[PDB]
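Trainee: Single-letter residue listing:
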Amino acid sequence: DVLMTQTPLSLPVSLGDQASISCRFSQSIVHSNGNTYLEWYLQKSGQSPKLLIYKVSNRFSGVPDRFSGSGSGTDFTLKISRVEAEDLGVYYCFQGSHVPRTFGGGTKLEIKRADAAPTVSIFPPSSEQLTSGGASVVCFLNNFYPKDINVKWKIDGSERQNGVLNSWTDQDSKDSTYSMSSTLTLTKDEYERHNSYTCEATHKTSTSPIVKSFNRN
Amino acid sequence: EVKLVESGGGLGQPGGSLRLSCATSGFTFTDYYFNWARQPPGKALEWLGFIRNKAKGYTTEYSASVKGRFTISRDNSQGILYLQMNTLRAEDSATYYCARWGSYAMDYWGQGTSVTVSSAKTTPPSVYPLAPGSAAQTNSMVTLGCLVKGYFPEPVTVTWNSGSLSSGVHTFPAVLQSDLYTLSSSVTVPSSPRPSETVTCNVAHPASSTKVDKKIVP
Ligand SMILES: O=C(O)CCCCN(Cc1ccc([N+](=O)[O-])cc1)CP(=O)(O)O
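Chains as they are written, first to last, in PDB author numbering: chain L, 1 to 217; chain H, 1 to 218.
Any given hint might turn out to be false.
[What the hints assert, rightly or not] Calculated cross-link-like contacts (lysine-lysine; reagent style DSS-like; alpha-carbon spacing at most 27 Å):
{"hint": "1", "chain 1": "L", "residue 1": "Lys44", "chain 2": "L", "residue 2": "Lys147"}
{"hint": "2", "chain 1": "L", "residue 1": "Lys50", "chain 2": "L", "residue 2": "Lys79"}
{"hint": "3", "chain 1": "L", "residue 1": "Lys188", "chain 2": "H", "residue 2": "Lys215"}
{"hint": "4", "chain 1": "H", "residue 1": "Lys3", "chain 2": "L", "residue 2": "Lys174"}
{"hint": "5", "chain 1": "L", "residue 1": "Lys55", "chain 2": "H", "residue 2": "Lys54"}
{"hint": "6", "chain 1": "L", "residue 1": "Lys79", "chain 2": "L", "residue 2": "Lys188"}
{"hint": "7", "chain 1": "H", "residue 1": "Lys43", "chain 2": "H", "residue 2": "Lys67"}
{"hint": "8", "chain 1": "L", "residue 1": "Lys188", "chain 2": "H", "residue 2": "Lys214"}
{"hint": "9", "chain 1": "H", "residue 1": "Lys214", "chain 2": "L", "residue 2": "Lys212"}
{"hint": "10", "chain 1": "L", "residue 1": "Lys44", "chain 2": "H", "residue 2": "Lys3"}
Hints are computed from structural coordinates only; laboratory data are not their basis.
Full structure from sequences and hints, please.
Mentor: Here you go:
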């Protein structure tokens, strides 16, 4: 079988710059009839995927000339010169001629901006939730850049894995940052068995982790 | 105009079945191969399989993820394409798309049809105030929020002070928890404006006919 590798997962760019996306294969996908069925599609947020380039370098009618596909045998490239707002979304290379027939992992075109540390805020369980027998501790890690971030939960100083659910926002249309929310959900019983609750974040903006905690007492 | 229309989406029962259709018009149906793809909310687009044209005998190919469990078929007299999904799983919750394929590859796609595989029943969410601890250093700005827990189906709407607070707001994508959805939202205001000025999250869950205004009390 042929292995397809689309890179990168994420592609930060500035408006006006060119972007290059890569689709490579573990072996040749040229068909005996001479064609190479390597296609490129764009899927904008909340939209159906749309064709951009077919058979490696054929730009579909209606696609701006800024877009172009190239490549050969095992290595393929989608180039976008002078990137504009309309181009933001997820690009996928695709081939359905060799097993596994498939789309690539996707490349999300995003906007480049200055590094920004997150604003971390932790919140204890409300009396309303407690009365219902549950205890959720919430931590927001807001407006950071770049998107990569790590969060650790600790109860009484020991790391906690069970019961943690996380959510992430799409890049902010206005300030180009990212935000994250993590919630540690415990029973009232377990919550009332411990005192220290910590949400700790590590981001490329600092070697020191951001630590936010609260004590039940 | 070349047209592909998916339909049949809805809530599916785990272990059940569901047949999606893709009605076409505007071109010669039998000349084309047809593809089915799906995109789970918060996940990548995924290829499911295709059915070839008349010249190729309408044979089929499937992804390893669904081979033997989904069936792709086509009614050549009606110009309709089907996706028979058997023994539904939660991983099948996604927006499904059909697309023809030919010399111009997948040049025309349908608008998609959404499927959600769950045994849950409509359930209002519990709305909880998120206020900073008694012991927590002062700041220039203060962040508050609301945890909207355990509802079904999607979605819920969250505003702050009736949309009066729009800037500095982050409503996070919902996640599945205990077979129900949970979401949170954050709002950031200057520290001098609160608690002197009330901050309330207005959460609406139309399916259960609920609207909750939760005030963030210190
Ligand atoms: O038969 C032709 O001349 C066109 C197809 C050329 C080979 N194809 C390439 C091919 C066909 C279908 C797709 N698609 O996504 O639907 C992609 C690539 C494979 P097969 O012979 O049908 O197995």
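Trainee: Each hint should be assessed against the structure and marked as holding or not.
Mentor: Results for each hint:
no. : hint                  : in the structure
1   : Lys44(L) x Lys147(L)  : holds, 19 Å
2   : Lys50(L) x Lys79(L)   : holds, 16 Å
3   : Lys188(L) x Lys215(H) : holds, 23 Å
4   : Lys3(H) x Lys174(L)   : violated, 36 Å
5   : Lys55(L) x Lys54(H)   : holds, 22 Å
6   : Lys79(L) x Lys188(L)  : violated, 54 Å
7   : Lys43(H) x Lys67(H)   : holds, 20 Å
8   : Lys188(L) x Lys214(H) : holds, 21 Å
9   : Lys214(H) x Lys212(L) : holds, 25 Å
10  : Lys44(L) x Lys3(H)    : holds, 20 Å
Checked against the numbered hints given earlier, the structure breaks hints 4 and 6 and satisfies all the rest.
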